[PDB]
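In the block that follows, a single chain appears as structure tokens, in the form solved without the partner chain.
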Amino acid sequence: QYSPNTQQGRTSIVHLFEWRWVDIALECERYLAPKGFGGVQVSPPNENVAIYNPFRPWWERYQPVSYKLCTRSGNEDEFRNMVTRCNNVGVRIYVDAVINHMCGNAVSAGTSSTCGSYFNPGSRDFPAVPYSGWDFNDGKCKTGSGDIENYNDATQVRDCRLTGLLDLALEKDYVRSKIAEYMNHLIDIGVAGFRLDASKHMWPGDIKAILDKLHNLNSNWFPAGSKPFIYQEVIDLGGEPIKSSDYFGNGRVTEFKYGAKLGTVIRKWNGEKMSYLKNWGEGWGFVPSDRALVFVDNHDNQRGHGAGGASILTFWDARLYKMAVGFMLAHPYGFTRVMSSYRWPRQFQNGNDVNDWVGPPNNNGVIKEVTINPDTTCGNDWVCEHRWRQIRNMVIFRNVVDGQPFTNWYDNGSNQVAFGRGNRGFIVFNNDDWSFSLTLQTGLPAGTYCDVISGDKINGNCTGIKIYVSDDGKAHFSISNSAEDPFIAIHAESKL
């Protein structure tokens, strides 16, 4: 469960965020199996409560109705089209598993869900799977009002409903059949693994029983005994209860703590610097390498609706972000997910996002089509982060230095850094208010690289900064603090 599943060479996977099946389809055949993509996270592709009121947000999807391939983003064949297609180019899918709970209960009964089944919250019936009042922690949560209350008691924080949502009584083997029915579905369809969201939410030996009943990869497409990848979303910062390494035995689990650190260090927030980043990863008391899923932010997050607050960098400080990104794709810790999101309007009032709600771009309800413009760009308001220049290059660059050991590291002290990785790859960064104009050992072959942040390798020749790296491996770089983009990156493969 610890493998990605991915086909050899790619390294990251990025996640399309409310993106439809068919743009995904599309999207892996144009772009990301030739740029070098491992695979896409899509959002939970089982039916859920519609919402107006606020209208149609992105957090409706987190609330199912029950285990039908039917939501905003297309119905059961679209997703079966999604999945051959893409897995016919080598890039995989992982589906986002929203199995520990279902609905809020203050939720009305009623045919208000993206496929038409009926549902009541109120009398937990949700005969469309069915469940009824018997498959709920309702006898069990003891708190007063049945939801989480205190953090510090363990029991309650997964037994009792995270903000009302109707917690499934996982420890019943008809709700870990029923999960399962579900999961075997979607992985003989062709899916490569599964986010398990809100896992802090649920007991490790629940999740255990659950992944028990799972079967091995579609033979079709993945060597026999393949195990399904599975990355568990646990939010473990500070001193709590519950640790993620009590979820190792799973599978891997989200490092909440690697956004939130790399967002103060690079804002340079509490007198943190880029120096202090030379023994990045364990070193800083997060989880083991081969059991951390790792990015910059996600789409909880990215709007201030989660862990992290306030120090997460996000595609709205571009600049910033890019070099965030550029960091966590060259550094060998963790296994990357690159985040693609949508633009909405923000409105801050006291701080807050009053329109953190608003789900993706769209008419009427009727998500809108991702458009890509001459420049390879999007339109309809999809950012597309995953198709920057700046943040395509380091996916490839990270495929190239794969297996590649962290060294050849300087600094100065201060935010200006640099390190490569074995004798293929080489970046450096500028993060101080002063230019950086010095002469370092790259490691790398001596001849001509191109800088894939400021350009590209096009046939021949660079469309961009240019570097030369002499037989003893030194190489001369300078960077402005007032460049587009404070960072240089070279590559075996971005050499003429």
Second form
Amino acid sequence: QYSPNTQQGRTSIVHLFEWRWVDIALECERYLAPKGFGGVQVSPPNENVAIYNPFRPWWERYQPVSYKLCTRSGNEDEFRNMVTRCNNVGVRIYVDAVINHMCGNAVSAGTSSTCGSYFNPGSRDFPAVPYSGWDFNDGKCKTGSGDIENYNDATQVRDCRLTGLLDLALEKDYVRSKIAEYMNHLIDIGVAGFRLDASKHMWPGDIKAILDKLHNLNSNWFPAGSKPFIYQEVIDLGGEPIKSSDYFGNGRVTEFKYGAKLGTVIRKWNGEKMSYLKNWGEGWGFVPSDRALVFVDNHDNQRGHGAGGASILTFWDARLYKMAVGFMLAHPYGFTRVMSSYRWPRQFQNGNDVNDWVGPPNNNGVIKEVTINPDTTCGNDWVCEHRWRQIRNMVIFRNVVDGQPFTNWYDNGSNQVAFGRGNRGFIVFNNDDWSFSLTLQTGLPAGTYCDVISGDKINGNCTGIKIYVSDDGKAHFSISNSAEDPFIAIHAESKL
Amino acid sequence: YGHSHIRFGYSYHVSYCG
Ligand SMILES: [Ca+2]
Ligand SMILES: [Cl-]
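Show the form solved in complex with the partner chain, please, the one above being the form solved without the partner chain.
Below is the whole assembly, all chains and molecules, this chain first.
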């Protein structure tokens, strides 16, 4: 459950948030495969409540109606086709498994669902699964409101309704089998693994009991005996009874400390400086690298009120965001997930965005196609951070430098830092308000290297800055604080 | 319930707190 099951030399996955299945499948073939991406995290593929107040919010997809693969992203045929086409070009599919809960208890009974299945939250009846009142935690939850009130009670966090979402009884073999039936259906279709949504709200033993029911991966695309990649969403910044290490036996865990700390450091908040990133990794109190799923932002916290609050960097802070992602992709700690978002009319009142519920770009609730501009950016309000040259090239950087040790660190005691990855790559950062002009040991073979942040290596020449490494491995770097991207990254495959 | 552990964004939380 720790191995991503990616192809050799593909070290990152991208969260194609609210993307349609056919758009993802085409994206696998036209972009993700040639650009070296390892896999894709898909929005929950199972039927959810259609919520019209507010109008089709993104978070409606975390309120399951049933386990039918039938959503605003596509039907089972489109999903099967996406998984097949992606695997055939070497890009994996990881399913956001919403297994902790059904929809909210106060949702109106009826057929207002993405596949028209009937469901009655009031009576705990989901006949499309089927689930009944026996399959929920009404009895086990000891709290007055039936919801999660006190996060310092680990039992209530697990046994009660997350923001009123009906909490399944994962101790029962019947509930474990229906979830495993659903997950095994996705494994048989060919998915490489799962993001376990709201893992903090499930007991680790219940997770283990479910995972033990899972098949090995589809042998058409995976070696015999391959297990599904498991990364569990557990928000743990410390100081709470639930520790993300409690889930190490089931798979990797989302390290929400990663993006929280990295954002504060790069915003230069709270006296933090980039020079403190020298011991980045376990040194900062993070989970072991082999247990870590890392990211700058996720679909939730990029709206400002998730784990890490205002410190989370997003595409809205594009310049600072690119630096954080570049550092993450350059540093060997953890398995990196790149965020790919859509635009929404962010409207702040008292520092709170009242439109952070807005779902993907749509035409009367129908998600818009992802269109590609001639400059390779996206239209139809899709941000496609994964297609940004500065981020995409760093995804490749991580592939090129895979396995090479963190070495050759430099810092100025402030915010001008650099490091290398063995003899395969070097990266330099200037987050101070003055120029970075210095000659640094890169550890790279002598040659002319294309800076993959400001440009590309195309036809034996660079479209951006050129770095000249001498025979001693030294190279001079000159980065203005007014530079569009105040960081430079070179690697073995950007050498002319 | 409070404002400590917000999930699904601010707008969802405000409607949940009500
Ligand atoms: Ca639970
Ligand atoms: Cl996550």
